[PDB]
Amino acid sequence: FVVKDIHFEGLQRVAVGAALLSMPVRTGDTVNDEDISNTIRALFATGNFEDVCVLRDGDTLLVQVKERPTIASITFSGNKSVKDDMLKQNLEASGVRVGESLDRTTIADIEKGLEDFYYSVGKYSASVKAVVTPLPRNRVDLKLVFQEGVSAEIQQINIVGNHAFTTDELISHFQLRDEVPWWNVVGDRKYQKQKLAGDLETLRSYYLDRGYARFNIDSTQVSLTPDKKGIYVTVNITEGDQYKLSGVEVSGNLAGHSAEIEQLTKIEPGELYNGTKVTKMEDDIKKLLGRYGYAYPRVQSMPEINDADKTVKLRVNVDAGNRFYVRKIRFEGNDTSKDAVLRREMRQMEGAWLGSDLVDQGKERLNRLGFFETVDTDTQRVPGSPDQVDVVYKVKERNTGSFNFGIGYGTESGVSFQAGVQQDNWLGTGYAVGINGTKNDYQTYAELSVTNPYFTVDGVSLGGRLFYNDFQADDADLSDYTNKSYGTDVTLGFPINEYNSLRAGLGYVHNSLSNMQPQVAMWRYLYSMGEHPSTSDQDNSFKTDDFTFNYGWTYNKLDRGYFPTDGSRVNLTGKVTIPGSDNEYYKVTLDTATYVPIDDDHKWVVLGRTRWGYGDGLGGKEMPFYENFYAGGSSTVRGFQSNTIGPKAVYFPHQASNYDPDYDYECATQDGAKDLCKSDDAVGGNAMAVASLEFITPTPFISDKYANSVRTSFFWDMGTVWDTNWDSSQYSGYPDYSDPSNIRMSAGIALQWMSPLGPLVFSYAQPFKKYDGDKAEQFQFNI
Amino acid sequence: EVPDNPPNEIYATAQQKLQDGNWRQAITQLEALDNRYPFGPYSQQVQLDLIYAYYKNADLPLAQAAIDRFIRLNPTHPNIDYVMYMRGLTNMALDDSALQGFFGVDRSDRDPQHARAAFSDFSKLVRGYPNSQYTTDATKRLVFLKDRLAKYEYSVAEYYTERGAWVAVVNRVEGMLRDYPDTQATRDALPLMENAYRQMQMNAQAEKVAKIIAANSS
Amino acid sequence: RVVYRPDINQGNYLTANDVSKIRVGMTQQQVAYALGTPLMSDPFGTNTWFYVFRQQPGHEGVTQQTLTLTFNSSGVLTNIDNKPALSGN
Amino acid sequence: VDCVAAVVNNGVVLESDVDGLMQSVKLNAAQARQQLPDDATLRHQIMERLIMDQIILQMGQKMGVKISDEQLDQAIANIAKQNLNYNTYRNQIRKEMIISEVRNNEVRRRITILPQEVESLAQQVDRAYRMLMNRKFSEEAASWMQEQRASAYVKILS
Amino acid sequence: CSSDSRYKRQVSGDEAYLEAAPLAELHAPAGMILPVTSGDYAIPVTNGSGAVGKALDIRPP
Amino acid sequence: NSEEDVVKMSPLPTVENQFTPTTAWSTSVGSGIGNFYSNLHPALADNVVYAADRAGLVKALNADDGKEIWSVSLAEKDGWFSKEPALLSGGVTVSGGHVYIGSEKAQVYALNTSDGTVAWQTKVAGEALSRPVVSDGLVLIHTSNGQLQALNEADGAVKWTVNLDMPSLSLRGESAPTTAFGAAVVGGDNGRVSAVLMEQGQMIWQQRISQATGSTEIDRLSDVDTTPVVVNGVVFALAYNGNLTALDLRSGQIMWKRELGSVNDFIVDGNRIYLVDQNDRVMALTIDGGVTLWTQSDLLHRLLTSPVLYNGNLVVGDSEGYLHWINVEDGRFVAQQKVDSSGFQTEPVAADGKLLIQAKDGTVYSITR
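Residue numbers (the authors' numbering), protein chains in the order written: chain A, 24 to 806; chain D, 26 to 243; chain E, 25 to 113; chain F, 25 to 107, 123 to 164, 395 to 427; chain C, 25 to 85; chain B, 24 to 392.
Hints are computed from structural coordinates only; laboratory data are not their basis.
C-beta atoms are modelled at their ideal positions from N, C-alpha and C, and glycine is treated no differently.
Take these hints with a grain of salt, some might be off.
Said to hold, decoys possible - Where chain E lies over chain A, by a calculated footprint (3+ residues, C-beta under 8 Å): (1) 363-374; (2) 478-488.
Claimed, not checked - EDC-like, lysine to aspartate or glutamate: derived pairs with alpha carbons at most 16 Å apart: (3) 103/A / 288/B; (4) 424/F / 126/A; (5) 149/D / 93/D.
Excised from the complex, chain A in its bound form:
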């Protein structure tokens, strides 16, 4: 009949007129009394409703609506192998997430999906149950209950159908494990469905590259024990027969470079048909075509076989394409470091033909810089002209500023501290700046350095360094070992090729030291300088000004800039005094770090570190003692202490030397002073040699999301320091420090983590081969 109005009881998801957008009644016509059914069908088919009830008890249309509830919270429990992070993404992908409506179809879909995943991994006695608890004001809560029963243990892998290879040899290389060694915990026996396909492909390639061509896998089964405990994987093969490569021929729209393709395609006659060799040939053809510009070549290799004479004649069809050009190079993610410090690392120049190798090499150079965590390349073709393409680099800038605060000693010295900051990427400008200063009742020290890697746009890098160390024994400047030292350094370096650098520079430093303790090495140095001071009284003064010309070489082919995973680095630094300086000496230092990977994933890495060092004087003038090397602590032989490896000073009889307070300053003073006495104070020699071997392994309590920020290493470490000059007479009753065979050694574990304060290393070190005056330490924390 006639309807006056339309009234509803659904108020949340239904709009004002969006409801009426579907009904045909229009409140302005007589009702057929049957089309109401069609109206309800359409309304519920809109998908925004759950129950619809039309009433015309009076003279109007009342549509009782039961809107679908809006999910308000997500609870799930009993799951072990499916973590929340992936489950949330899986639920969100299928269009269910908190805040939107619920559809009963998606519930069944999610149950099926999760049960499918468990059947894939192996929890065959598993079933997720999703139940919705109603909540007032028409809401629901979704609950998931997981019966993760148990993974079935794969029992045996059978390769019946082989007649040239033993089963064990074949099943050794499979990613799945037949039997785990008894006395090992190397692996497991879970059946991952993807690993099955991986191993089937592995077997196919294995027979395919030892010669057998007419080889194929008939059928693979996955039996199951009638208890859902064991899985018996079976593979059937057609062994086939061996073959030889009769001759490989190339054809197609090959570009003008046919000579190099022919040279690549040459193979010594008589070889066995190898599939991986064919893939290698195709890949290198693609690379050689890419280097000239054809970045998208179609290469198809067909092994036409003659099964009557053990012969295959591979046909290689090549279609190069067009010489692509890069239209523009864009950078994304460099939110701090300005655009220049990316565009200057490139080797694929803008507005040129696409050199498919130059892009990858530029990506390598960007990665090596040391201040990008993840750098990824993406060559995407522009949707217009046939041959244009944009190379887009996506970077994620990482922290690159190292901080260092702390205290000189626990006793209340007073406003005495140590500070530090080193920025590799100061405000992203590219400059490397570093400043630190420690003031203490023992010493006062302050240094600064600024380096610009690209003073001009070729690589010519310019740097300067200043320092001030007039510590004068801040405890007291009277009758104390006083040393005011300072100088300046300026260097610049240029590259020779893509993996080298040479630096040269100048500097001058002067040292004024007064009231020195008497001991053998220092007095030898003073005798060399042309000084003949006394021993018991300590009032001598020495001022020396040195003008040093210094040089260095740097080879850096390293896959990453922050605990890398592959490559090599060598760093040589030397200095020579120029004529006219007070001291005539020369010093040479060499550093080397080599990272070799053993696994495709680049997670287990062998690290070989080594350092060598030799310094001496020229023209009968000894090398100054204050330039002596050291060892120990971190960054060297780790496990003893910083600067405690090598010679120990032998004090002359010290007595009545200016002021000697009682119960302090007891270096060698004694009323019954006998003779020279051995001590434990380290002075450093002029021959340095340290080596270290590290096994780098993943940390066993971390996910991949944080895997690149923590590194764990097991190190065996060795090192030794000794003096090139010696006295048989003055060291008759004391160990001969000139002998370089007294090698200190240690081993231990190291933890490395990159914190917002900078990189941190925690190490636990056990020494093995020690000597006197080591005071070895087991824990070492450093920044």
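Go by the hints and put chains D, E, F, C and B onto chain A.
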């Protein structure tokens, strides 16, 4: 984490905290009210309050997500222009985020993706609702954004001139003329293109650029 | 000198065999098929196509090959200029 | 007045259809000495029928299998020589034909006749082949219906 | 030390964009066409009659 | 490690020993079945026992003494190693003057009983995991690929290779066929019982019984891996996931089905079918209509073996080693007997007024009153 209370008082305490400004505490109350009362009488007000609180809390990703959520369910509303304005403000404020203001470093050649993402927003705003009360600020920020993008392209062109890749210089400056013609950066950049032609022995192509620079010297 | 200078390439490269294919008469599309989209083109007035093939070996003579094509305002070639450059500097 | 009888998959089942079918199919055979059960159980009988008719109907749209109007015209011409509102009758027939057709589409595809039991039936009793096809159709259709009833959402609203 | 100016109804960014130079379009030199008539980044001519900078009281109204 | 959360309920029955059973003898054929699922079991022939293991060892034994007669090792002499395991997995079947043994490396051996020599050793496509069935001068093997192959009894001579289907999650242990009136009835890993004319190798009828209308078809395997048994013109069958069926032998018409199904081995007395569910519920049914006469569900997840009707008692093993004796009517734990801690998962067999069982390690036992 909130006591169960009738709607009026929980909204009142949320607004009181917002008057105070403790956004870390106001967002909790707003989220609780919205989650408990999804499609109530005044869910729109809760959504807009979430936008304001998220923005002033420097919580840019969630503010962006809430803007992009609300832009759909209410395509027409007397405050949709406000939502677009805050979308643009979110993008642009997200761009200029670092310490470099303290030290005074001209952020011009950093990533421009945020700048363009904001320009699209403010263009939509000034094109759709030209009589609103936010339009003049949008216009000024549009001028600033165009100047900034032109400066970025100019920086790339200048580096390529220094490096020696001339064709890059020519293409970049031609693009700057094509897209950002009325700014001051492209006026600064014309001499680079003139030199790029001259160094390639293209007198018949550098003469015209010399004429243009001469004409617009003023 | 001594400072390492990476190899620099600055435009589309055209081989003499492909150059011989182009003569007066063909439309734009056939030229694009022959040589590819020109990397540099004129924005001012007459639509002229520049093909500049320029190379810097690095501490060696910069080499340049210029091909200037003038297309009349209908879509067909009018004249060409195949300059080996190497003039003056 | 109007209410929803049941929900299926994405479609719906109306009170109107079950209410009409409850009596509209039982009155004709009452004169043929038919003793139907009580209303309640027969209602669930019709419920089980209708819930499946729907599933088949949405299945036909899932696949995208249609029937031309000409087949309807020829079939109603057949009905003219064989034996609501006119358009309602035609809308009923349009879906009824596809609901019936999906059964014969699936069964013939999943049936398997080996030419061996035909000889056994011929020796026991061209009629044998027809008997075999009828039996195999019946069994496979029952199995298919049973498995389809399992993989579709359903609820009871009474 | 202290927060922004009342940190309410005040934009989080600075007011440094108001110093932006006004836009002056290039004019066409003698007998030669410019490519400038190819833009996409157009600024529709909008009047004043509104607040600016720190005076734009942002509030969910 | 932390994920081992299995759901199961394995209780031990009430101690009720109404009579004492005792062990006649043992042999210790050696490490045999072990952890691997298989179908090895001895068989009787003229007061002799023939036993085997997975190492290739084959032994002959006498009754009441266990005194060894002959024994050979079938190590892979033909190969590179001459010591590779032969992987005997087929059940031991004695017939006439031969003992047929299957292998998982696609080999079938026919040993020559007392002498111990090999009559012939042939290769059949795919793994052979079934009981070799002897019939009418032929051997039937159900390889684990769906290929039912028939061999000449005298020597090899593959006659026909009937093809079946193989869904890719079938549970292990393919069924061995039953021969009657020139027809071999064989189950397949796809849920369908098929009859093959056993004179050329031509199919007669292939009928489906496994109605696994499960929500998750991926795990509703629904294969048949029990030997169908024939009484008069009606043959019975059991899918893994349900639908016990009694169906006509002449055609593919189902006489009647029962929803319990879900079995891997069963026995028929000619009037009362006894069987074991997946859940180790031992029950009996009437052949006439399938009325569940009686049930016993005290056990659950004990992983039983096939029942054996010996002296009116249904004897059955379990995983922990106990042998359980069930009354012929209504069920009752008439006697328990612990005879080995090694374990049971093969099939006990009894005939000729005896009883024989094989554990996973201790191998042959004879269980007697």
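Here is what the structure says about each hint:
1. 363-374: holds (count 3)
2. 478-488: holds (count 3)
3. 103/A / 288/B: It is violated: about 36 Å lies between the C-alpha atoms, which goes past 16 Å.
4. 424/F / 126/A: holds (14 Å)
5. 149/D / 93/D: holds (14 Å)
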